[PDB]
Structure formats: structure tokens, C-alpha cells
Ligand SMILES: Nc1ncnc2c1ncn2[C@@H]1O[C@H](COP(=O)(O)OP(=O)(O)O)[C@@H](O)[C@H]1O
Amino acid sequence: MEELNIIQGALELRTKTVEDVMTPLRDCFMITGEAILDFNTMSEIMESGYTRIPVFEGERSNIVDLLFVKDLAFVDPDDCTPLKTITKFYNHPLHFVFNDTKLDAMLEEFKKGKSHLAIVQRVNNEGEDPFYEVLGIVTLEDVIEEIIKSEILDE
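Throw up the structure of that chain alone, the form deposited without this ligand, no partners.
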């Protein structure tokens, strides 16, 4: 039954939050703001498979910039351009989302123009001055991937 697969795909899609879809921060490929885009660094980036990479300074949860790998397609490793030169040039804005955010809201935000890598946060009320704890990242491609896997659109 085509219609039951559609229904069941949609029902599952609708129950998902960004927290279910995100890459946890511990698992994310990330890069220090002081990085130099020499061969070893760019090889590691290219070999990671990620196309959107958070840039942190000091602590991994301290994300200060984004790096979009497709923007690196024309950077030459042999010139060792500082990442800071790249990131300060583009200055792409940070996009934060609540861990309970549903995928429809996520779509709506990417459609409004917010950055295609979003940083997932929850409120942490357990240390000592409550803070927003960075849990992981979610990208445009992660959400599109859930839609394709849902098979809702499959002819």
C-alpha cells in the first residue's frame, strides 16, 4: 500500500526533533580558529566528508565561526592561508536551535536564510549560572536526508 508508507513515513518524520537528527558535538568534525589551511589541514578536512564545519576557540563547545568546505574548493594548500583570513572575510553568522525543534520549524529557518549549519542547544541548569549547553550540530543536508529517507516524495 503506497498510502500507508506515505502516512507512516510522515508520522515518523513529524516525531523527530533536531536532537534526533544532529551529530553530537563529541562526534563532530571541528576545527580551531587558529588553523592554517596548509596541506595537512586541508587533507584532513577533505577526507572528513563534512561540507560544513564548526570553528571553535579553546573549547569545542565555544563555536565562533562556520567553515563551508565548498568555499574551500579554490583555496590552495601551498599558500597556507590562515583560516582566520577565510572566516573573517566571509563572517558567516551563527545559527542556534533549541534541542526540541521539529523538522518543519528547521526547514522554515533555513528557508528564512539562517545558516545551513545550526548549533543545537539545551538549557543546562546543573553547574556552578545556567547556560545553554551545546549538544551538537544539525545541517541542511541532515534534514534533507531525513526527508529522502522518509520516502514521502518517492514517486
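Residue numbers count along the first chain shown, from 1. Whichever C-alpha set is largest while still superposing within 1.5 Å between the two forms counts as the rigid core. First, how it differs from the form solved in complex with this ligand.
- Core-superposed comparison between these two forms: CA of residue 110 displaced by 2 Å or more.
- The rigid-core alignment places the CA of residue 13 2 Å or more apart between these two forms.
- With the core held fixed, residue 143 shows a CA shift of 2 Å or greater between these two forms.
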Given for the second form:
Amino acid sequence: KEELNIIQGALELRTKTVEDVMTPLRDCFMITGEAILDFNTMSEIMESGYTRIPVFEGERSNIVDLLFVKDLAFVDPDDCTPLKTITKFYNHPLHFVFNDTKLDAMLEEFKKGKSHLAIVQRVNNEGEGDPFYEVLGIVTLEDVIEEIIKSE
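Structure of the form solved in complex with this ligand (previous: the form deposited without this ligand):
Next up is only this chain, free of partner chains and other molecules.
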């Protein structure tokens, strides 16, 4: 029964974390901040099928922006517009969440406000001196939904 599946998923939202359901960084389709939005680049982005694509600088873990596919709607590929022009214009908010965040809290946070994607990070204390934020992956509302409705 659908109803009991959902209810069990609902009960697990208290104890599961965003880290449990996230798309880890090595499974993310991302794009370098240096990119040029020529025809082939926009074509790869549309082929990927994702609504939103993290933008990184230098290393994949250094996520600095989010590119939405809808941000290419007025881009003429003939212009070879740098991606930077587009991320500076739209400036989509970039939200971060800790890996130990519980899915009930995450769901609450996605339900309030427009953003349904957060970058998952943890505090890396295993220095090497200074503690820093280590980016692990992304988590969206759909990751949480899937945990609620999936068969188990």
C-alpha cells in the first residue's frame, strides 16, 4: 500500500540525514565558472536534463554559483557569452546545509522559500590546523521526496 510506504518514509525523516540521500559530488553534473556559453556548451547543459547545474572554480568542491537551464533562454550562442556574465546577472542564491541535518528539518527548509537545492558540507576538524567546510554533494527536495515515497 502506498499509504504505509509514505508513512514509514515520513517516520524516517526524523533520523535520516541529508548525507544519506544527497547526490555526492562525484555523481554531480557541474560546470566550470570559466565556461563559455557557445552552442556546444549550452547543448551539453540541455542534454544533461538537470534543471540546475552547480558552477565551480578551480576544484569541483569549490561551488561558487548555480546555473539554471532557464538562464540560457535569452543567450544567443553566437555571442560566446562567458558563463560569468550570466551568473553575475541572475545571481541565484546558493544555499548550504550541514551533512548531519535531518531530513525533516531539510524538508521544512525547502518548503519555506523558493530554493529546492542545497550544497551539503561537513566541518573538517582533522587538520592540519584550521577547521574548514568540506563540500560533499548536493541535496534537493526530490531527494527527500524520493525517501518519503519509495517502496521499502
